[PDB]
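First, one chain by itself in structure tokens, the form solved without the named molecule.
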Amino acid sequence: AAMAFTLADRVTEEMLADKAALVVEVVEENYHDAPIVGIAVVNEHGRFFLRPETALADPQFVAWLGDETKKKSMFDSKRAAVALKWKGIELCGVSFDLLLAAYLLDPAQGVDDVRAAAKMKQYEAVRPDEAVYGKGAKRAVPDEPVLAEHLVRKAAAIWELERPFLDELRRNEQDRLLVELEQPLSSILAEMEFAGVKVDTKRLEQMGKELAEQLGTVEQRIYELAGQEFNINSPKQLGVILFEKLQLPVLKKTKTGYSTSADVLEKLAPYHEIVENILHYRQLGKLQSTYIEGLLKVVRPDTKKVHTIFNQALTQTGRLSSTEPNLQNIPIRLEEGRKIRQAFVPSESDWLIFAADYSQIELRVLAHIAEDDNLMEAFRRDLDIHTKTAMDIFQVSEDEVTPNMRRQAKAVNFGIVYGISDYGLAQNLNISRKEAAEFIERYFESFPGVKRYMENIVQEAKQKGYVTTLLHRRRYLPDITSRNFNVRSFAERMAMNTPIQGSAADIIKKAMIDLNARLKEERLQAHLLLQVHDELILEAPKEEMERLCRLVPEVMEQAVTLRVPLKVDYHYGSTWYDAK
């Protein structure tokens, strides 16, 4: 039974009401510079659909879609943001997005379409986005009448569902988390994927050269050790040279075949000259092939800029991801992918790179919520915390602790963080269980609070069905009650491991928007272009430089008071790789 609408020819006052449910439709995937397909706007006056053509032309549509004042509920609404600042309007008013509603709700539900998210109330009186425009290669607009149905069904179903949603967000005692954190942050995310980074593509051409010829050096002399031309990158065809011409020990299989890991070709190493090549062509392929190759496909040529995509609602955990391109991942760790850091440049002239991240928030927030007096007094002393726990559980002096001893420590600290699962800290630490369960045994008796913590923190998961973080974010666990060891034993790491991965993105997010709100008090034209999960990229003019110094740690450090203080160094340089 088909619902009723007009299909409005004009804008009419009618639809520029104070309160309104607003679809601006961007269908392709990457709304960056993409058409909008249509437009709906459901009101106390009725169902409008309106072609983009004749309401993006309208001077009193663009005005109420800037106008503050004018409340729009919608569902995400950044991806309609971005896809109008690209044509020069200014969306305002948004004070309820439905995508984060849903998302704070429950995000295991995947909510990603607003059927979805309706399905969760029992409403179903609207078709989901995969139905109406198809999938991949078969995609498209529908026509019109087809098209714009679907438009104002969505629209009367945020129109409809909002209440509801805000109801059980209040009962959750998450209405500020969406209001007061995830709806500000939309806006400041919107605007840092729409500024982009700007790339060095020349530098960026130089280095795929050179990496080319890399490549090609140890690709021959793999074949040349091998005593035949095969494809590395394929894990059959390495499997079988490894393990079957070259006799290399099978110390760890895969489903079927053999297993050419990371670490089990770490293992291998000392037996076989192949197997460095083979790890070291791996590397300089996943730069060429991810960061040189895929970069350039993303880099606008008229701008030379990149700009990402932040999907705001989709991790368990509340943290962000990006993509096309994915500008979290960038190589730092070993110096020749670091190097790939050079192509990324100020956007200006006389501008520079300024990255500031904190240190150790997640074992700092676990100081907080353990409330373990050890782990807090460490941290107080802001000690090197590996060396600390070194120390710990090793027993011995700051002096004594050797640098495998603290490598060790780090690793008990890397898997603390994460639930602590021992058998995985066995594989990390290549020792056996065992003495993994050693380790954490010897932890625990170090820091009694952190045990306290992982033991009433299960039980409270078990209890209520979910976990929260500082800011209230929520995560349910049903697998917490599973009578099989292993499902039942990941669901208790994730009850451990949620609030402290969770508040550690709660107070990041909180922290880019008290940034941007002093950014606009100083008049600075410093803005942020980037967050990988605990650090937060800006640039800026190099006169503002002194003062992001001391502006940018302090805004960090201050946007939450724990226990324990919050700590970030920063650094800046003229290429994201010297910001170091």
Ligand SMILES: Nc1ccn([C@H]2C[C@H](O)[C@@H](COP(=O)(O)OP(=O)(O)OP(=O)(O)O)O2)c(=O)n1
Contents of the next structure:
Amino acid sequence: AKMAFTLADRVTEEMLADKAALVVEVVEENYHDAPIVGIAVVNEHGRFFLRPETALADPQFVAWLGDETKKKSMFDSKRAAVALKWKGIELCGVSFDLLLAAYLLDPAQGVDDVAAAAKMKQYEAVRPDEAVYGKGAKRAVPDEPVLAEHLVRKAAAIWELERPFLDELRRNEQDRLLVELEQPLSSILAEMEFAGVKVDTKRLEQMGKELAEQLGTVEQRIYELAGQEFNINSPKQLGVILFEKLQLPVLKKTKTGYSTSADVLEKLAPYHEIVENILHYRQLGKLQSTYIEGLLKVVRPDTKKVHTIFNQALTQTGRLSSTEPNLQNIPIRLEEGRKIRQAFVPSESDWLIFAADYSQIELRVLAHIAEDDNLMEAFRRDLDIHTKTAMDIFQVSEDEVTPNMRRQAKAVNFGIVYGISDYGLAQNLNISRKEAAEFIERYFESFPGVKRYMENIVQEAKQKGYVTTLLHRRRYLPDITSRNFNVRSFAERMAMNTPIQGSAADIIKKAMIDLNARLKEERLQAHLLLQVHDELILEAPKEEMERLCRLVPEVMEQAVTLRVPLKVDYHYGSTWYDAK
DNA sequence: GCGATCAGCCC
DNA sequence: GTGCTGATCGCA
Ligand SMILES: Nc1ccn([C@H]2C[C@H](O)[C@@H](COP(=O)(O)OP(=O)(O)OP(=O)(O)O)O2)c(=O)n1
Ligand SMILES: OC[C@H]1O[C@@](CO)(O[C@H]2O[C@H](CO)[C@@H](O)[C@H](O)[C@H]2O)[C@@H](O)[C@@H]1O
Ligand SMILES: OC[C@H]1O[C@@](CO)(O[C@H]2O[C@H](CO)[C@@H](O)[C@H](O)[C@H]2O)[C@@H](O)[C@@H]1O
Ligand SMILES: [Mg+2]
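Let's see the other form, the form deposited with the named molecule bound, since the form solved without the named molecule is already up.
Let us now look at the entire complex, which starts with that chain.
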């Protein structure tokens, strides 16, 4: 039964009520400078469809969009806000975002369109976007009659679903999480994405030619050491060369065949000179194809900026993710790849990059939630946590901690957070389970509070069916009762790790909101560019660095109040690389 | 063209 | 523990 609506040729006062479900459709996955194909509005007066060229040129409509007293309910308001920013139009007054609401109610549903959200409440009078637009090479905007009905049905669903979703969020004690954290954050991310990050393409291109030369030398050497040419980028062909022609021992296999992972190769290095060159080739090739060519592909030719898109409704822990490009995995550990960061520069002359990062926020959060006396005292003394853990599990004085002992203690600390397992640790430390388990038992002996938390949180997950973070983010764990050991164990690790990683996510999100407000009150030109899980990257006039050195760490350290202090380190320079 | 595999980068 | 990307491969 078709849905009734007015396919308007002009904008009327009736369409500008102070409460409405609004749809500003952007079909392209990457919404930066992308087309708005249609508009739909549903309010107390009816349902309307408006052509973009018409509405967006209407002075009254544009004013309505930018009036914060005129409330709008939408799905993925950031997409619409950014597409509008590229057209010089401000979107204000978004009081409800169905995507973010659905995300908070259950991140596991993977809601990515209105239909999926509506299905959560048995509402099915709307089609999935993929059904209307198709996918891949077949993707396409349908004729006006089909498009208009779809957009109106989406607006209609949003209009109907707002109350039931808000009611459930309220029952879950998550309504403030939506209204005071995620929605305000959505507007901040929109600003960051739109601003973009300036890239020194000349610098990137120069590095690219250096690697092209280095890869050519190592490539030929590999063929030389192998006695023939083959596709190194082919694990299949590489395996034949290594485990058949050169007879290297098979230490590990994959579902399909021989493993050629870096971890395995390192062990085979002693047997043949070719292995070292394969490792080098893998290093250079990764930088060339992924960080040089891949980054250059998404830089905008006119402005030389990259405009990432932060997916705010994807991770099961509350973290943000980044795409096109993913600016959350730019090399830094290895010096060769770290140089890539010299390519990210300030967008204005005489401006600099400022970066601030939380120091061990996950372990501090664990100290707080577990109320472990030993761990809390360690952070109150601001001790090197890995050295301290080594002293405790190995029963030695600070002076007796060797470099290897600290390395292994650090591995134990990472596991503890990321759901400890006498299997993942061993594999990571190149040791056995019995041994790894011995380290774990020693850890819990030194940190009994953490042991109690791990036991209690798993019990809570089983009883309630989910675990929660500091700001009430939730994650359901139905597999916690599984009779399959591996399936159940993974759920148990999630029960232990989500409150830690998730609370850390809550904190940095609140810090971003607090910082944006402080920068405005202070009348500073500085602004946020990126977020990388536990760090914030900004750019600003060189004349504002001194003020930022005091302001940013303070705002981040005071975002929330825990049983232990929060610590923030900071640096600034002419490029992202120098902000070290 | 498209999806399963493999690999490797970040926190 | 959470993510995103690129080169191969054989399939359609
Ligand atoms: N109705 C609610 C209540 C809480 N929360 C989430 C976000 C809040 O920041 C957090 C803590 O809620 P509290 O009830 O503890 O309120 P505050 O912690 O904000 O106030 P108080 O200092 O009284 O604890 O839980 C929410 O989303 N919706
Ligand atoms: O606008 C981002 C928002 O849209 C979703 C779908 O509702 O993801 C789409 O857009 C992303 C950005 O280009 C793509 O990575 C993704 O593949 C596409 O489906 C949400 O997941 C996201 O929160
Ligand atoms: O010269 C291209 C040609 O070489 C092969 C093997 O001889 O692959 C080599 O070059 C590719 C492009 O740089 C790499 O991806 C690959 O790892 C390297 O061995 C052929 O497959 C290709 O047609
Ligand atoms: Mg850090």
